[PDB]
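The chain below stands alone, shown as structure tokens; this is the form solved without the ligand.
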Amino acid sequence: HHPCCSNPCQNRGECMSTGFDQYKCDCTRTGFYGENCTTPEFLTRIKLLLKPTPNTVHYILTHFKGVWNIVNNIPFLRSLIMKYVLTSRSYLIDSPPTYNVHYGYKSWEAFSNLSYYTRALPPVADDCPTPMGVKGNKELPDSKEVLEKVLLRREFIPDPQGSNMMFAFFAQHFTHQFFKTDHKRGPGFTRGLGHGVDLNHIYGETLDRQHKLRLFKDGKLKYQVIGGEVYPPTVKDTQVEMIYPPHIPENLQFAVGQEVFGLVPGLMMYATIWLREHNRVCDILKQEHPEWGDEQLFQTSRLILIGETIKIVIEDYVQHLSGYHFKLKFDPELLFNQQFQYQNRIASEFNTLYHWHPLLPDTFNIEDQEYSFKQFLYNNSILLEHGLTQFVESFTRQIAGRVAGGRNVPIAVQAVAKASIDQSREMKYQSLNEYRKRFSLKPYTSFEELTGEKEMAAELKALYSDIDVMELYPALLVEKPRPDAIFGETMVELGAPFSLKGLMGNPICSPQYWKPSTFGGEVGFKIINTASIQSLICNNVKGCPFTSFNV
């Protein structure tokens, strides 16, 4: 079998076979040396001594409210802290990217072929004696067994951070521009070749699709007016392919950038809001620039909406998720005197960690109605009959599920949860502890340490035998959450680097793009820099219902 199967190289050292039954580690720039890169250099010893734990840092950021109140009002100090948040996270990500499902060694194919998700860790070699390498049993536990014992929801567990349905649908809508798995090729492949925040879920992935969606007047996107309200156009009008089962009426077959958004009225709600927003920005640019043509109004509006998206994601969405008293800031200038790569490649493991199926409630509560999953799916009538104002008011009030802490995946989506496990194995993911070490975390030394409790730990012990062959995805869902938090440590420590990298590593954040002229002048630039989840809803939804990501 492959000599690297045991994952011998530590501290980001690279393993390479040297003959049939021997390996060598490449310890270059790890700060360690020795056979398995485990002997620290002197400066490294000091760094290890002078480095606070993630849980310590989390404590500091979620206490001392009065101190952070001061910090948040000293522009210089807010800037300094945000600068450190961004730099320390982003260095954990390989950029330019390296491995993929087919390449456990660096190759031009892995670098150049955009159809692949990239990989934060190389796949387990095909000939390893056990699924994870050398440890554990010859077979991993039945995925159905893992799912039923520790993942599936008994009673609904609400998120203690107060995340709502506006938050849950924003997460799904936003992430589905860059998680777009190419099922015809396999779970290791994507159809989001832009690999980031390009808003293809509004504008279409291909030029062909964009052009069928565009009005070609005033920069705008095609739309319908129904009972005085602006909605997306139809599949019949535009000839834009959408996924609708055969029974949905033609009138209610809305066509948007992302072909799956008809699946859920909560996604169609955000699709409608963002369509209205593009067209609103076109109206504003048109009065700033009566001389501009349709193409420049369209392109400049797209750049503004990209900027709004990143702004909202950092200062509302990630702000809410974090639980910090520190006020995060979207400010590209923070990186202009730093080393940083303005590029991104979407990791398979980032897609996997974002399978937040426990967020979903048992029913979708709008106005006086409670819709089951069966009723809610593909049901654009629900959206037309209640309207966007009531959707916003109802979803702002409805609480979402807790993601970590176990037993909170709704049964309605049991097959999707099982697929996450099965597809992880098909893609030959390394174990939870390999991933923790890869992101500078101490491995868990027992199942009780992972879960913070005795019962699930005992089931997992019976299923996996060894903590070192525990799988990443189910671990994220059973992990001990932070105090009164939606997530545990592993989720935050892997998710944050991927997240901030893909947000700041957009070309609009680069020095050549981050200028008022890129966005049509000072008015366009101000739209980006003052954007919020509340203003997006206020500007585009009748009556300006109040909103946020909590309650």
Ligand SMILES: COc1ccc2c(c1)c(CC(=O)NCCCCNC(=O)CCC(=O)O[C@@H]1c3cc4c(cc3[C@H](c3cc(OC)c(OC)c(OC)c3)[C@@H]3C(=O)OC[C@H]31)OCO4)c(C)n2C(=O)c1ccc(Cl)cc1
Given for the second form:
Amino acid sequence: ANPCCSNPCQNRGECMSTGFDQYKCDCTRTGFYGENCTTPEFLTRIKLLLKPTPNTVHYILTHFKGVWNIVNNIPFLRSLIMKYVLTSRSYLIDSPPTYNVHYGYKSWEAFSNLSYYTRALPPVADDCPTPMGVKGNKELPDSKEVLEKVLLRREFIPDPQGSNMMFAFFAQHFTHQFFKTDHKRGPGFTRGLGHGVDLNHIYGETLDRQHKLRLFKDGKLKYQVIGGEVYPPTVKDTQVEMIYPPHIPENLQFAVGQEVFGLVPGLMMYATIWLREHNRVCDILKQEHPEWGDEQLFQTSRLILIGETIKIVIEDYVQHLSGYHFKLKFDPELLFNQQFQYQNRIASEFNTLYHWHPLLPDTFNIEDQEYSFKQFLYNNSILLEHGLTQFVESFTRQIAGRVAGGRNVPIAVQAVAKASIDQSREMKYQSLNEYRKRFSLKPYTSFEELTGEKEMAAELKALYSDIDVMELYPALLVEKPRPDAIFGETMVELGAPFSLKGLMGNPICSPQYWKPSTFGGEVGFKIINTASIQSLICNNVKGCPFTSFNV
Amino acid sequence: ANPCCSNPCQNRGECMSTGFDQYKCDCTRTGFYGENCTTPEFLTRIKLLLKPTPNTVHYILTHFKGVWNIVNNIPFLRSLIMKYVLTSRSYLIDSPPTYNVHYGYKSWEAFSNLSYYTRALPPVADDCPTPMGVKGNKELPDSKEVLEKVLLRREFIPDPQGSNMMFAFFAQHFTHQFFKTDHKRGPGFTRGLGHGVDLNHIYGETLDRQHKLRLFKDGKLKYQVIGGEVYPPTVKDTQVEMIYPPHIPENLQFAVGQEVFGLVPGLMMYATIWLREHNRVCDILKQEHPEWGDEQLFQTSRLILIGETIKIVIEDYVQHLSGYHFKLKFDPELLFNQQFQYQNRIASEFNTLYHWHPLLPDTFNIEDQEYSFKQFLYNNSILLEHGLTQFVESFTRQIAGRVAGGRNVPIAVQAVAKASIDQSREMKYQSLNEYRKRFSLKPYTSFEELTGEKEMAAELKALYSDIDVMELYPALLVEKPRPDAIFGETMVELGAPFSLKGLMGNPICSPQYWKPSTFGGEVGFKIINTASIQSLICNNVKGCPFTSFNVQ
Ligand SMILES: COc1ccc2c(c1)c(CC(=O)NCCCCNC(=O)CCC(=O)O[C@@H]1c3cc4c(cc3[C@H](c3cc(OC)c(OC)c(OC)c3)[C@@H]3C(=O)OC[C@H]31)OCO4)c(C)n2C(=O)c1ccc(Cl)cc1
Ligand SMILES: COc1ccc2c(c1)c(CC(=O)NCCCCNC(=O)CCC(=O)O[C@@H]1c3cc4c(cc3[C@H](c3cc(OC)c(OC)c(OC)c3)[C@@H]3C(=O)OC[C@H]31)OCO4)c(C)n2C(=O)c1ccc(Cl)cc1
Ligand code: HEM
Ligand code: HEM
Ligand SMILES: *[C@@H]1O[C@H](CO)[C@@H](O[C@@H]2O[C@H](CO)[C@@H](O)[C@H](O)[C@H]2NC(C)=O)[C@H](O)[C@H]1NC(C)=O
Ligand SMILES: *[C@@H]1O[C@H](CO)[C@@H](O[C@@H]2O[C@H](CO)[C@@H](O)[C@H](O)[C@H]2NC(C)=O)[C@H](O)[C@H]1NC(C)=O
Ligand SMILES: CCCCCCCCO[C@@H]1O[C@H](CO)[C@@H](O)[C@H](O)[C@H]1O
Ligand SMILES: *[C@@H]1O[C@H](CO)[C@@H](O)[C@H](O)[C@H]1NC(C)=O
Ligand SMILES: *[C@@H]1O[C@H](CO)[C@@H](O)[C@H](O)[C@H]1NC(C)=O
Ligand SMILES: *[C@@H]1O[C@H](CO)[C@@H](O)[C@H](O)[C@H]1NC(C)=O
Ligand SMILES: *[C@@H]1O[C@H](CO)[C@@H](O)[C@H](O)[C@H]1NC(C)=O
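Rather than the form solved without the ligand that you just supplied, could I have the structure of the form solved in complex with the ligand?
Shown next: the complete complex, the earlier chain at its head.
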């Protein structure tokens, strides 16, 4: 019914109805003109002719190790390439943000209401004849069938990049500060009103919760000691609400910033590590500033840990994921002579993309034990039983599952994968190929090209019929991986822009914040600029065990 | 006690305690170095030698009319010069914002908590020996004495720039969408969480209030018709909360986005005009888009009115205030190749600077009546009696008061002026001269230099003793005006950067928003780009009466 239902405008042109059966494309600043913005301007053709494909660039970044080592030791050159990585696809994220689940056109409501996830592509209008707009059948294929035929794990498929459980739980822990879906409102809504890396998963989303978690001495967070080891405090002691089954003993109801982090001992592990890190930084700052009060010690520590988090995410986490030989760098100064918006709004599609449950193993292997999902979930006695040191040693060695390549979602979380499919549809996501085009990728022309195989392709073809009707979320998990990589092209090219924007968009990266006095002087500053996943663990885990994001 | 109490760091260097009795200045990117960041780098000295004073630039913009007329007709240069005006304050504003009334150091709390006004200068710490830090006496002069001696009006002083009551109430109406102090929390808190030109004063701050105000047909706002004329609906009919004294008739409790706009008929006049404008834009969009629903018509109209507001504020309102011969221009495209943050946080100091009550006359003259404050306040029957047309005609003719130059606050609002002084102190504002340095102005070296005269200066010296202890708010109202101007240097140089930032920082000015389809196509876009105070009145007020921000 809506004449824009077919998504006729190309190259990020905007579709507007101009009557009941007519549309106009707004081609402003697309670099294209014509009825659906498909005729390139002269400068546009030039850019197209020279532009290498993502797969080409990825080849270059994952080969020529000798050249990159040279590059990695020339600071001017390293900065130049990193600046490039940051800016080079800046243009892909709308900032200030635009659409959301209820608005397929720009509006003050969509801009101003922070309870929404934002949208990289507007929803398919309600009165469109098909789920994807006009293509495909009246109904999408049964989600349970899509799940079982191409998503569910048969045999465990290990990640060829060697991601471990330290990585898997870091990813879960880190992302769950800004992926916090407000289920009473709906899948397109979030409880993370900071829309980014504010460390609310440690400090709490609201002031009241934060104040319940704080010691109000020396800037510190409340904690308890169990068997000589520092752990988070209890629900009983703090009165902060946590989600626990009713049979969890009170001494085991740990209280942390994020209410769901008692779900898994792997999350509780990182919650404990970061809590220890906060109180460590408090000690350092108190030493530097005996004249400071509790409030300033707390606030400054929080800013430093925000810095540490961004530092580690870029130079260890993203570094490992990328498989690049180039050494990524956290350096806000790189953007100071660039056009860049220091703000971020979390996209629903980013949330969708990041459902990396194929990472999960069949069992969680700690010391000599192999825990089932049933044994692991909501069981912090496991963390207490083995301790942090053994957790780190064990998880550093246990390999995680491959995310792309198909059929690697453990059946234990099959309902989660199904919900990702069903909620994608509920939120009226456009198709895989629409999203590929939105991020300057070539549409897939068959299911075999998507998977790079034959059997899953075929089951998919029977289910969806048209490649242009293939859905975003299942496509990510069945996509042909990059060579010996964890992800395919679509995951990387859509996810990377959201990721860097969410990291660099933080106010501590802005010129007025990025200076030593913000962090209590050069000592605080150095904590950020020398942070690593290894030093995080070394400083806060007894025995300073070796760790890494790969086995 | 705090070693930073004396504000030792200069040139926007940041002070940090490094112990109980020592400090360090962080001179990063200030262009200066040394212990208090006062030694300039080579590039800095050059920059300092060449850059003209504000008063010099003001002279240039308010003279050579023949030359400016040439420039005004050369788009490249008009654009170039406008781009310049925009990007020349752009650094003086911290964006993302930093301090607030409770935080004199940067913190996640100060950044993230939108209930605060932000601060251009951090508060004086609580444990400082004097209100201004270390200078001056233990307590500041009695605010009642400052008020009575140099602020209160003796004889009405007209604005030499000819500002009229259309201007004065436009200023009040426009600013009260982002100056909305949350008195339950304290003076450093705001209820305007949009922190800018979101037109909540028309549409309501919250979704619940907006929906009570909406007709939910054709995108329109609810209204009533009285004697053939369109007015806001009532509280009785909408359940929209408004502030009225209990003796106001039900049929006279008009309900609009901003709960305080029943305060004066002048606010209700503009509330009514903008209400009519919204529904007018709804008719236009419905004509262009018969296929659209109520929701999209409403949202699209709101975006258009936001655009119109920014347009009018720059090209009519700021144009008038400036007295420039150069013709200012609303054009977002000017910033597309510039470094610029499309965001804004309303500063407490901006609020303070905008307390322009000397604008108010002794009486409000409509048609052949002259209403006292007592008769004018909370009296919407006056608007009904005379009608919008007569309001516009009368307010266009009545001159407003000079704001700087001293002794021009009407006695009727003396408590408001005193509260501005007292709440500034409550919020631990730094001194006039600290704020002057913060905006790259030379500190005043005496009270006579501040006022440009002798009598008020002598009274201020008796009260404050030290010029470095003079307060920001009273200084603004007693400052030597620019020649035949409404304001002095401090008002302009502090206010202009906040103002432009608040206007251009709006998301509709960003490249992904600033395109025709955002506003329903070329017709909607054209409404924004051709808006003016005269067209706003001509389209919505019977008879298309002439209006202007200056007396004719
Ligand atoms: C693969 O393994 C992983 C996995 C995850 C990764 C990562 C890697 C990574 C790493 C990562 O993201 N690396 C980025 C690799 C760099 C990609 N570079 C390219 O594709 C080449 C693009 C290029 O150089 O040209 C651009 C460009 C391209 C354009 C374009 C404009 C521009 C644009 C441009 C603008 C111009 O001015 C108008 C130009 O003319 C002057 C111009 O030509 C010179 C180009 C860019 C520019 O100014 O500098 C680079 C240019 O319109 C049409 O296409 C992250 C961050 N990741 C994540 O954080 C992440 C996290 C979670 C998830 Cl789920 C996914 C990813
Ligand atoms: C007259 O009455 C009123 C009243 C109200 C007004 C207004 C007027 C106005 C109008 C308004 O905003 N007027 C502003 C006056 C004009 C401002 N222009 C200037 O100050 C020119 C400054 C200039 O040209 O020099 C800068 C400059 C200066 C520097 C500096 C760097 C630069 C910087 C610069 C950079 C350079 O390298 C690129 C330079 O070398 C090439 C360079 O030259 C050496 C200068 C700027 C630049 O690149 O272009 C202009 C340059 O380091 C320290 O000093 C508004 C908006 N108003 C309001 O909206 C308003 C509303 C409410 C309130 Cl309360 C107050 C105001
Ligand atoms: C370790 C055991 C894990 C379990 C038991 C688990 C289970 C769940 C469940 C039940 C949900 C809620 C689904 C819904 O409400 O519809 C969820 C959401 C999610 N999961 Fe996991 N998951 C695990 C690990 C991971 C990992 C390693 C990642 C990696 C990033 C991840 C990423 C996500 C994301 C991004 C969401 C959306 C969160 C939100 O929007 O609030 N999960 N998971
Ligand atoms: C026309 C009659 C006017 C009356 C009766 C009036 C009265 C008041 C009152 C009672 C306050 C509240 C003070 C407090 O709560 O401490 C106030 C604040 C204020 N006034 Fe006026 N005023 C008038 C006109 C104006 C005008 C023409 C301007 C021009 C800009 C203006 C600017 C302001 C501002 C910016 C505030 C602060 C508002 C806030 O922080 O919420 N007022 N006025
Ligand atoms: C952001 O938008 C959501 C979506 O409409 C708002 O939530 C609704 O609020 C209205 C009125 O307050 C209720 O009648 C609805 O039941 C709510 N719906 C949902 C799905 O929650 C929300 O209030 C908006 N947030 C703000 C701050 O305005
Ligand atoms: C923004 O800051 C204000 C001031 O700290 C917060 O208001 C306080 O909230 C606490 C606990 O919620 C109350 O005990 C105080 O009485 C409140 N003080 C004032 C002055 O209102 C407010 O909650 C903060 N907002 C957010 C979203 O964190
Ligand atoms: C662990 C989940 C088993 C899936 C059972 C439901 C039917 C799934 O379906 C089939 O599964 C076979 C098993 O590998 C594959 O050969 C087929 O291609 C697939 O279609
Ligand atoms: C795109 O424009 C072409 C004309 O160049 C037209 O034939 C076509 O119908 C348009 N859109 C679609 C979805 O086909
Ligand atoms: C919880 O973990 C302990 C190991 O500490 C294990 O023995 C126990 O069986 C687990 N509980 C459940 C219900 O699986
Ligand atoms: C600023 O530093 C100078 C040394 O350059 C010192 O004499 C002075 O005490 C400092 N501050 C003030 C306010 O005098
Ligand atoms: C309100 O205005 C009317 C004129 O319409 C006037 O007659 C009346 O006295 C005013 N009310 C008060 C309380 O002054």
